[PDB]
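Next up: just one chain, as structure tokens, the form deposited without the partner chain.
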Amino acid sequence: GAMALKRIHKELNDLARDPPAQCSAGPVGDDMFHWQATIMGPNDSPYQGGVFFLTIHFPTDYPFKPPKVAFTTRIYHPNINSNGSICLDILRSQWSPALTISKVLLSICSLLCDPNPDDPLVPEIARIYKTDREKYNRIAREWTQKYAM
């Protein structure tokens, strides 16, 4: 409804007024409920140099239910699968209307930096993350080269 639209416009403006400087997000075209985002691979992570695209769909009762967020760029990560689905608490059970797209993107950035052990969406990548970090990093760097450059 009108309340959701007002809140989405405010967040769009929040992002413009205080640009995050490694992420961006906004409407695809003229549809305020469907956004795109980009996250730069964090420096000192195996994703460094990559640019990762996301899609965001806001529900009509936003901000009281979470947006749906998925990657469109392929990535080697324990908590993000080949469909681009993201296992992240705040997108499910831990959503609050105090959260914003800006905070979601920062949380996803932090997730890239430090995966969650309890949530293996891709069990084999989770396993290599836990057992052979140097191998995980090598492969995550190779996938950044292959998909995110």
The other form holds:
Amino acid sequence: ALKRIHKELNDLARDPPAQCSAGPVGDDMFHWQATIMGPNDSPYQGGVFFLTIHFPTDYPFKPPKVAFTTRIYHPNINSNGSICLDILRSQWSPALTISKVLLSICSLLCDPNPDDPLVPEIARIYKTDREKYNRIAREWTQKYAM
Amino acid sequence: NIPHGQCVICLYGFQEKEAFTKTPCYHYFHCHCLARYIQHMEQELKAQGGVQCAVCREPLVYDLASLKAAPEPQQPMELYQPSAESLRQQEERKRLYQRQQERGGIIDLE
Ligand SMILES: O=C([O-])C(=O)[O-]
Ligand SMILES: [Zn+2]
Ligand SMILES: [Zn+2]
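Switch from the form deposited without the partner chain to the form deposited with the partner chain bound and give that structure.
Below, the chain from earlier opens the complete complex, with every other chain and molecule after it.
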């Protein structure tokens, strides 16, 4: 795992996904902090969101554990920061990289999947009253991430 | 000859004297790297109830023992040396994180 993690680190250091960053927490190569700038095509625009990444012993064959540290209002992300995203579970492969995972999360922020929600009340509002949904998501971005 | 691309499992390229292989779906891996991937997937599938290519999901044909016999490639570790610019960027992130804490915007998980 360590040689793989060092290779990734150097590639994200020289060519990160647009508007993202990632690197070790202190001296521990197996625990990284990442940031995503809120996408301009989302109610998270203007925010900076912190995430935690923990690599398992058998990386890259098992997925990294990725969670939001910054609070966020979204049908697929709960109050513990857990993320419902297929490539972090059933659809992981070692051809994927941390760079690609950050890109995918950016996509999920722009376009939620409300039929597979972690937060039923937010899913209900997303589906029946989108105006109310983006208003509340912008409100949380401004209070917590800006 | 020797392929010009990279092995997506380890992220290193290919050198003469190295042991590597090509799949029927045209993807190159070091033999050692591909053997590790296959072992892991066989274990997962069994716990559920057909190993697919890491790159394109085509079902693979292979002999695991033959892949295992190949020598592991000798690859020097890539040192991590943060540039001056990256160090500057890290400092700015620290300032933003501090504000989020003050707002009650950081999830604790006690
Ligand atoms: O989410 C909250 O608790 C708020 O907006 O005050
Ligand atoms: Zn390899
Ligand atoms: Zn393939």
